[PDB]
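What follows is a single chain, given as C-alpha cells, in the form deposited in one PDB entry.
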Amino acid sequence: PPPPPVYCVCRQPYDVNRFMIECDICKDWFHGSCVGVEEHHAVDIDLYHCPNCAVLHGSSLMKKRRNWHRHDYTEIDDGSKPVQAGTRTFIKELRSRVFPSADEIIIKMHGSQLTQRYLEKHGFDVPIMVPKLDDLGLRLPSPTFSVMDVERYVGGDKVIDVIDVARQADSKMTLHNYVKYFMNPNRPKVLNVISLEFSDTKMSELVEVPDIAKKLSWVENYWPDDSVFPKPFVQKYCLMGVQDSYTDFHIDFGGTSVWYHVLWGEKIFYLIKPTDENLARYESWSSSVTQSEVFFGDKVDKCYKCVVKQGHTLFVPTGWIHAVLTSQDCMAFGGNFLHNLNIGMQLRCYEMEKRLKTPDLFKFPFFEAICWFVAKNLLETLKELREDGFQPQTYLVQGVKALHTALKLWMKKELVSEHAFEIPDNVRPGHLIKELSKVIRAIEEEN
C-alpha cells in the first residue's frame, strides 16, 4: 500500500503548471510560493536548502559574483569577454556615452494640434513630444497614483512577466510580490515590468488612450465585432521599472506606432531613424550571436537621446528603432496602434519579424487578420471617393498599393500555405485583390 506521491511542505500532488525548486539536502521539490523563492532567483541559487533543512544546514548556497559586466556574474573578470547589455558596467557606460540630442529631430507640439489632418498633411515619420497633457483626450490617474494603487486595482495575485534586466532574461511574478519588491528601497536586483496590459482589469476604467491614437487605430476602425478571431488588446499597458532598468534596441511588434506617458520618474529613449541602411544593420544585429555584446547605437550614423520627463507624452512612429533606459524609478502608461499613414513600413517591419522568426507571443497577435479587414474597408473608401468625385490622397494610395502588393504575395501559390490560416472567413482573398487592382489602375490613370 504505497503512499500517494505528494511534494513540498504542503504535501500536495505534483502540478506541472507550478514553479518548483529542488532542495539539495532532502531531494524533495518545493513550490516557490511555499518557500518564498521567485522564479528569477533560481539562477542565483547554486544549491537550494529548504526552510526545514536550513535549520541545521543553513541557507542555500548562492552563486559567487565575480562580475559587473557579464550576464553570468560568475565568469572570472580576466579581461576577455566584452560588456553585455543591462549589466551594471553596461549601465555605467551607457550613462557616460555622448549622443545627439533628440531635439535635432523630434517635433514638440500642443495636444490640440496633434490631429489626423495634421498627420496626413505633414506625415508621421519622426517622434512627437507633447509636454503638457492638455487636449490629448488622454485620461490617466492622478500623478499621485502609486504601485500600491496598481495592486489595488489590477489585483495582487495577478501573474505578470518580470525582466531580470542584468541577465536580459524573463520570468514571472505575482503583481503582489513585484510591488513588495519595488517598495523595498533596497533591491538586490534590477527587475522591470513591461508587458502588463490591463485593458481587461478594473484599472482599465482609469485610463483612456490619446484621441489621435484612437482616431488612427486600425483595430479601432476596421476590426469587426462579428470576428471569429479574438480582438487584440495592445492599447493599455502599465509599465513599472526600478532605476537602471534597460530594454535593448527593438522595433515595436508589427511596426506599430506607440505612445508613452511617464506618470512619475524619468525614461530615456535612444532613437534611431528607420532608414533602409539602419533597418538592415538592425536586422543583422538582432540575429548576430554577439548581439548582447554590441551596443547597436554604434552600428549607425545617428542615435538620438530623448529624455522623457514625468508629465510628458511621447509618440514614436512606425519603424523607429529604440532602446530605453530608466533613469529613475518610474511608472508609465503606454500603447501600440497601427494606422494608414505608413502602411508600407508596417508591412516592412512585419516581414522582418517573420524572417527573424521572433517568437509567436513576441509579435502582434493577428497582424495578417487586420491587414485583410483593412484592405477590405479601404476598398469601399477608395471606391466611394471615385464614385463621389474626389481623388484619393497620395499617401493612402501609395499605401493601399503596398498593402495590395502584400496581400498578393501571401496568396502566391508557394506561400498561401502559411498565410492561409490567417485569412478571415469573411473575406474573398482572390476577389479583393482583383477589385483592388482596378481601383488602383483607375486612380493611377486619373492622375
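We call the rigid core whatever largest set of C-alpha positions still superposes within 1.5 Å between the two forms. Positions refer to the first chain, counted from 1. Compared with the form deposited in another entry:
Once you line up the core between the two forms, the CA of 364 is the only one from 124, 373, 304, 364 that shifts by 2 Å or more. For residue 385, the Cα coordinates differ by 2 angstroms or more between the two forms after the core has been superposed.
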Given for the second form:
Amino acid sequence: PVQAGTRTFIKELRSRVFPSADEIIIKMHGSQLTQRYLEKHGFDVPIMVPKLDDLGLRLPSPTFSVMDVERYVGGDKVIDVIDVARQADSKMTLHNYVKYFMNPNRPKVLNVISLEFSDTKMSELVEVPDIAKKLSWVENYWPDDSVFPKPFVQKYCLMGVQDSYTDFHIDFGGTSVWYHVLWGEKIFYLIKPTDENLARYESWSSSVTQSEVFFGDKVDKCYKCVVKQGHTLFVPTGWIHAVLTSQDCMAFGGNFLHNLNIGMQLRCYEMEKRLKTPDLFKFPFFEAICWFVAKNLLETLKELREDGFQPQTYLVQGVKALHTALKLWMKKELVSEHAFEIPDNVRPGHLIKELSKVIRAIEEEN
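Output the structure of the form deposited in another entry; the preceding block shows the form deposited in one PDB entry.
The text that comes after this line covers the one chain and nothing more.
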C-alpha cells in the first residue's frame, strides 16, 4: 500500500505525466476577468492570470518572508498544521512552525493552509482580487443587522515545505477560490465535477482505503496545473483537486460563493453533510446566506417579470436550485435542524411561495 503524503507516494506523483491543465484552463489578463465576461462565457473551468496587473490584488513583495508573517501575525496564535506523511491534523504556534520552517534539517513534512489573518495586523498588507469581491455573496448580500457573524474566509496565508501534499477534495461549501504564489511553487491536480466524477469522489471519501487509493486514477482525466511564482489561479465551483508543494512556498488565497453556479454550490454542500466534513465548520451559516440570496434573486426576477423581460439562463437555473434547497430544509421532519439558520428578516413559508410562482411563470411564459 502506498499511503498519501509519504515519500513513496510522492515519488509516484512526481513521476506520472498527467494531461496538461492547458487543455482546459483559460489564461487571461487581469482586465479581461470581469463579472460581465463570466456571466456570458460562464465560470466553469479554472482561469489562470499570469501577471497580477489589473486584478486589484495587492500584497507584500516576493521578499516577504515566513519570519515577517510571524511578526505581523504573532507567533502566539495557535495554528492548524498538517503532518503530511500521516495525513493528520496537528497544532502549533506560529512561532514554532517558523522555527521548524527555517531549520535546514526538517525531520518531518508539515504544511500550513488554513491560516486566516483578516483579523490581524497582516491584513492591511493584503487586498483580494476585485473579481472575488465583486462575486462574493458575503460582499453583496450579508445584512449589517444579522445575529449571525460574518464569515472570514477571504484571506488565507499558506506556507508549506517541499513535498507537502493535500489530498483531493472539494472546497468547503462548494466555494470558488483564488490562489496566488508569492514565491516557491504549487502543483494543482484538477478534476472536472462531472456527475460521474462527483459520485466517485463521494464514494472514495466514504471508503476506508481512501488513503491508499489515488483518486486521480478513478477518473478519465486529472489535469496537472503548475502555479509558479507571481501567478494567480481561480478555481471554480465543485472542482476536485489535490495540491503538491514542489518547493518551499508561500501563497495567499480566499474562498467565495457567487450567483453563477448556485446549483453546484448546493450539491457540494449537501454532499459535505452526507460525509460530515469538518471543513463545513468554516462556513457555519451557509444556509443563512442562502436565504439572503434567495430574497435578492427573487427581487431581480420579480422586476424583470413585471417589465416583460426574460432572465439569463444561469439565473433561472440558480434560483430554481435554491428553491428546491429551501423547500427541502423546511420539511416537517427536518426543519428542527435548519430552523436556527433561518434569518429573522425572512418569511420562510412565504419566500418559497413567491419563488414557486415566479418560477412557474417563467417556465410557462416560455
